[PDB]
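For this view, one protein chain was removed and the others were kept in their places.
Chain lettering (A, B, C and D) follows the sequence in which the chains are written, and residue indices restart at 1 in each chain.
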Amino acid sequence: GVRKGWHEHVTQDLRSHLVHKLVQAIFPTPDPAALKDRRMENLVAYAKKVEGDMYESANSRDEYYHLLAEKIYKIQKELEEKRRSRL
Amino acid sequence: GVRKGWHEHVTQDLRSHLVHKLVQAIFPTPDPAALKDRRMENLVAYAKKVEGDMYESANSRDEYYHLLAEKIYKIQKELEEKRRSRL
Amino acid sequence: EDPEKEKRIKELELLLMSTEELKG
Amino acid sequence: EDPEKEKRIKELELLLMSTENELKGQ
Partner (left out) sequence: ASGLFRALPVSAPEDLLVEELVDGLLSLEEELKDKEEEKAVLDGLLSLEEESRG
């Protein structure tokens, strides 16, 4: 739905922790020398753009979480299809 | 000018290859996921309409190539102006 | 198509909502 | 006013006309 000014109740700290969740959900890893790699930094950069786009597309905080969850799901399925086609 | 019966020297394979040129000149793209897309199929269909129209409007083979070239130019120019004014 | 798509999406929704762990 | 208009039209005309020879091909 539409909640006027819902951005005023979403702090920058929350968005940044949400960006971290998108990364963790797409590529779970206990930093085995991974956060420093270029390929992981490109993921963080793509995750910020996904969060940025859904932050403006959504019109309430419930839409925000909904669209993000559906975008993560679609990215996981894509990663999982490419991982299979390589077996 | 007018060159009677210039159609008798235009093979179907030439017209079909000319359509391929119109498409590539308007929207060159390596991505194979484009040839299947509906926005690309609308381009091939528009290219065949233009080629058909210029094949009947032109009255010589030199008019044929000239009009086709000007229609490609007008479309490229439109793409480039909306591409630069895009939000 | 995917029979668990609805299940996985709801699991993801909860994952994100639980971030609000910053002050709980 | 797009001074390269004439240039671009002629480049496209050559593009199209060069199809006649390349259909000789193999």
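The criterion applied here is as follows: a contact is a pair of C-beta atoms (placed from the backbone, for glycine too) under 8 Å apart; a residue touches a chain by one contact, two chains touch by 3 or more.
Only one of B:29, B:57 or B:59 touches the chain withheld from this view, namely B:29. Within subunit A, the residues in touch with the undisplayed chain are 26-27, 32, 34, 37-40, 42-43, 46, 75, 78-79, 82-83, 86.
In the full complex, subunit B makes contact with the omitted chain through residues 26-27, 29, 31, 33-34, 37-40, 42-43, 46, 75, 78-79, 82-83, 86.
The rule is simple: only the chains that are shown with their structure count from here on.
Note on chain placement: the centre of subunit C and the centre of subunit D lie 56 Å apart, centres being C-alpha means.
Centre to centre, using the average C-alpha position, subunit B and subunit D are separated by 12 Å. Residues of subunit C in contact with at least two other chains: none.
By the touch rule above, subunit A contacts subunit C in their complex via residues 13-14, 17-18, 21, 25, 65-66, 68-70, 72-73, 76-77. Here subunit C touches subunit A in the complex through residues 2, 5, 8-10, 12-13, 15-17, 19-20, 22, going by the rule given at the top.
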